[PDB]
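Next up is one chain by itself, shown in structure tokens, the form deposited in one PDB entry.
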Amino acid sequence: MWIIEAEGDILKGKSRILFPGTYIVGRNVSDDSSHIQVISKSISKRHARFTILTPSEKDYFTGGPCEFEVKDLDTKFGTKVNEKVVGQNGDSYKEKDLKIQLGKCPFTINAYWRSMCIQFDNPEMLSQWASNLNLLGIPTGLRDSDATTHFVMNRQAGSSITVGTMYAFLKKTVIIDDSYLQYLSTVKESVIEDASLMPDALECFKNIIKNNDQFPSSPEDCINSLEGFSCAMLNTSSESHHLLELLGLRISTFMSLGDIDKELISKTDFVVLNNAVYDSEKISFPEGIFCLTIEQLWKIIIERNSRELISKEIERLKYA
């Protein structure tokens, strides 16, 4: 998100968030979804137009800013950006920091890019929200990215949280939901006028965690909680692999149930099965070894005594 701020009283001490759109900047305009009043003599009545474009697809992966275009409005003294006079056709920038000088005014409008990239749990939710957040200058996606700041969880409020939400939680990603994204649109206009009114994502995250038996006490208490243990897993979900790695598990992967050898059982403490191969399998289960789903493993992780609870179950099965 583009934020603008200025020294002195020229933006009345308020930072502004410039969502994609176009803004006329001068001394004789009124603060609007499309106008920015700058409080200065020696800037023109209508001095400059700032135009913010919607994000590129790349921006979700790069953390790169929306294109910011500056045009001088035929003013007496012109407009500079980062010391460079703006040409008659305007200029556009993808730097993360802009110093904008309007005419003879020595107090510059400073624009800076504040990172916000939102990952979605599933394609359905992304499809609901993508256009809306594009228009807010917030890049969105499903794939993993190093630029991600927030993860939107599926709040089905009727079943276990997804492997994507578990993994985001252990990554120390701020988790948000439906209501935060809706609140964002609701207060859009006041955020343009005062950046400090931007809804706090941490607060939504906190509200989600609190009194929720789907989330452990802390992400930190889960990390390396199961180191020493090894497990075998099927060929699906790399998030599932990454998550079990953050728990400290050494992972083996296997294609078929008939690929559980005497060798594999010997090197494996327990087996992690997919939901389909867990629900329907009867005769083909490996006799000696503990088998469970990610959902079930997560519930053990939620408990205070995860290590023993798993060990107590390893021994429990070792006899039969």
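Here, rigid core means the biggest group of C-alpha atoms that superpose within 1.5 Å across both forms. Positions refer to the first chain, counted from 1. Compared with the form deposited in another entry:
- Comparing C-alpha positions between the two forms after a rigid core fit, one residue in 51, 37, 293, 62 moves 2 angstroms or more. It is 293.
- When the rigid core is held fixed, the Cα atom of residue 192 travels 2 angstroms or more between the two forms.
- Taking the rigid core as fixed, one finds a CA shift for residue 7 smaller than 2 Å between the two forms.
- When the rigid core is held fixed, the Cα atom of residue 213 travels 2 angstroms or more between the two forms.
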Given for the second form:
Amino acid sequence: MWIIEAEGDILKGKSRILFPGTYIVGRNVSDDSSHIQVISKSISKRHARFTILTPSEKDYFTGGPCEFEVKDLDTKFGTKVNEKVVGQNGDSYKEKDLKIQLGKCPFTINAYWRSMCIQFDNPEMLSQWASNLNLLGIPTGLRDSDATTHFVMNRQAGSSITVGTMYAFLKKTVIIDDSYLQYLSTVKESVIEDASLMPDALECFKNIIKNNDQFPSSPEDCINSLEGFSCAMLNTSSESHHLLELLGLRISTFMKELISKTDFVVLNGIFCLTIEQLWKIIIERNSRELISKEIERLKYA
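Could I have the structure of this protein in the form deposited in another entry, to go alongside the form deposited in one PDB entry above?
Next comes a single chain, given without company.
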């Protein structure tokens, strides 16, 4: 999401999260959901318009920012972004750091993008929440992305967690749920400061995994728990390969050396396992000669 702050007291020492939509920025304007007061001699009463576009689907995958546009409102002393004069018709920016000078004000408004892309585990969940989050500047999606910061698991309806959840946990993504989304549905009209929505996501995550037999204590104890072992699967996606890598496994992807060198087959007279079955073991027992001894029992038998 986009945030602005400034040096000096030109924004009253406060930062602000800017959602998609339009703001009028100026000396004689009151801080509400669509106006930003910036007090300095050389800033016009109504000085600039900032327009933030809503995110595209691509940004969920690239981690790119919402397009940020600046128009100068025919002012006395002009507007610059990153030292470039804003012309008539304005300019648009897709960089993640903008230094915006209004007039001759010696202090710049500093706009920066904080990464936040939300993956959903369920298509009906995505369709219900996507428009809501997009209006906050938060890209969303279903498929795997390297720009994902948060992952929404389905209601753990007294049942097993999905591979998407297991994967998110392991790559150290913050796992959230419905209750945090309900919180986000609260905030569009609000004027709130930098990092306002992030810690609640971490609190949600920490509470989710507490007393939960689908999770161990941390990603750290799961990571490399199967080192020394090796496996094989059919047309492994790079995500499932990375998932198995994170468990410390040696992987051989296929389309006498597939059989006796490889300890088991992961799926979707050889010995086969699902990732779902592998997760059950990856939690269960204690040590490296215990939590990897039940997996070593399933191989010999």
